[PDB]
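Take a look at the structure set out below.
Note that one protein chain of the assembly has been removed; the remaining protein chains are unaltered in position.
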Amino acid sequence: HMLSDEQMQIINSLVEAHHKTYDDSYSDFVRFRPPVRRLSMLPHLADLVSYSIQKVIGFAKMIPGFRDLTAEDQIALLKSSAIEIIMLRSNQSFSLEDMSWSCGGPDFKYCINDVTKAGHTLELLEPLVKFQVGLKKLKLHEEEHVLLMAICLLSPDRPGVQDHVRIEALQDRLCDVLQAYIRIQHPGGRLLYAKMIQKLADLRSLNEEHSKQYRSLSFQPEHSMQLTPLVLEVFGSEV
Amino acid sequence: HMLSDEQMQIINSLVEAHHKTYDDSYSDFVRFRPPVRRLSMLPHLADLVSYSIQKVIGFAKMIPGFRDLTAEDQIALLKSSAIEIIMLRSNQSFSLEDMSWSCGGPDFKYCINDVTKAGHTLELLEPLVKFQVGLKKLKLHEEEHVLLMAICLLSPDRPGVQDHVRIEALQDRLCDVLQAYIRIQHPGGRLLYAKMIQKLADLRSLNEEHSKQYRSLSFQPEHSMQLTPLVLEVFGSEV
Amino acid sequence: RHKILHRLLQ
Partner (left out) sequence: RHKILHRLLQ
């Protein structure tokens, strides 16, 4: 039992799409407004998040089948899953050692206390780290990590999605490649699939909590003014 | 012939208001997105401009009589004159020697070529510098420079102004202090007043040109996304 | 809108 051309081709695409949109050296972080340690980290983290959304969009545009959806659904899937994809890809910089996202020097080393100064509370930050840790422990292959992100982004159950039937199909196709892959290429991965699909659920809670906390933040003009047009658009409530 | 209490008090207020909202060391510039030398300077200059609008607002709120206008007129006067006030106060950093705005090191030294990389053309940049030079040559006192800015901001002829009659009055009162001051405290200042009022006219042209160039820029989402919420709001066309 | 301007003007 082994992978098929179509499946494997979907893997070369996602892994290439990820490499093309994720720098393991975080060299672009100096172009962000400097981090500062009432919401002093907000400017820098807003720029980090905005930067990441741009990358998620680049990645999405290269997930097989996504480019064919209507512009509306692409936006619906993007707006709704953006924050989850960010949390996923962020794991790649997370460190179980220092329980933080290490992106270079002491400057770009992000701790919970840091996100607290960007307007977020432990209510969100607690499970975030808990999730980061659990996800790290899965020691996922790049193929499974990139597949989990493509799968999460094509979740058919997102507010605003129209053609939720095709979306549901593309997601299943991917869910299939991930399953085959784990079985064929990943040892002891007998129960990994379930753990990966489980992770998607934890993301909805984190997503929801973030939505609330972000809503409050965005309502206060002295704070929303620190955000970027893209963040305001992707997380905003405009229909 | 000498100044009166009321007049002189208006001067202590404006000069204090300016000091409280203008740092001659430009120490906050490091918190802006770094400058970079297709519109690479846009991020840094957007942050410079946004930063300056916040300062102009702080200054405006301290111009005598402004705090009494309706919130709408304050906004109308602000939206319409913001860019002109910026150009005025910027002179304080302009250097006739290097024909630029020197705000620290080679980084924060702004040349025309720089504003070109922020989306603006010589059509605007040419008169800007020409204006900067002419204004510099006036070797204005801080009292006259701060008065010229308060006067410019209370221009009754701004699109959107409602109670244009009271505005017109506050402006005249200021125009009076500036006149008295020049006569009493400024030698050879016999023809300075006319030169100062003349400067207000050059600002309308610069303002107009900027409005056009900014409009084009703002229409291109790949560019407006580099702007800040405040810039989009103050220069935007929302009614 | 002018939500930000309104706020900045206290």
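By written order: A, B and C. Residues from 1 in each chain.
Just so we're on the same page, a residue touches a chain if its C-beta (ideal position, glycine included) is under 8 Å from a C-beta of that chain, and two chains touch if they have at least 3 such contacts.
Engineer: Can you say which of A:2, A:71 or A:201 touches the chain missing from this structure?
Structural biologist: Hidden-chain contact among the options goes to A:71.
Engineer: Of the residues listed, A:19, A:20 or A:61, which one is in contact with the missing chain?
Structural biologist: From the options A:19, A:20 or A:61, the contact with the absent chain belongs to A:61.
Engineer: Given that one chain is not shown, which residue among A:151, A:152 or A:234 touches it?
Structural biologist: Reading the full complex, the residue touching the unseen chain is A:234.
Engineer: Which parts of chain B face the unshown chain closely enough to count as touching?
Structural biologist: Counting over the whole complex, chain B touches the hidden chain at residues 221-222, 224-225.
Engineer: Over the whole complex, note the residues of chain A touching the chain we left out.
Structural biologist: Touching the missing chain: residues 54, 57, 61, 71, 74-75, 78-79, 229-230, 233-234, 238.
Keep in mind that, in the parts below, only the chains that are shown with their structure count from here on.
Engineer: So using the touch definition from the top, which pair is joined by more C-beta contacts, B-C or A-C?
Structural biologist: Answer to which pair has more contacts is B-C.
Engineer: Whole-Å distance, chain A centre to chain B centre, using C-alpha means?
Structural biologist: 42
Engineer: Based only on mean CA positions, could you tell me how far chain B sits from chain C in angstrom?
Structural biologist: Each chain reduced to its C-alpha mean, chain B and chain C end up 19 Å apart.
Engineer: Could you put a whole-Å number on the gap between the CA centroids of chain A and chain C?
Structural biologist: A distance of 33 Å separates the two centres.
Engineer: Multi-chain contacts in chain A: which residues touch at least two other chains?
Structural biologist: Residues 224-225 of chain A each touch two or more of the other chains.
Engineer: Multi-chain contacts only, two chains or more: what residues does chain C have there?
Structural biologist: As it turns out, chain C has residues touching two or more other chains at 3-4, 6, 8.
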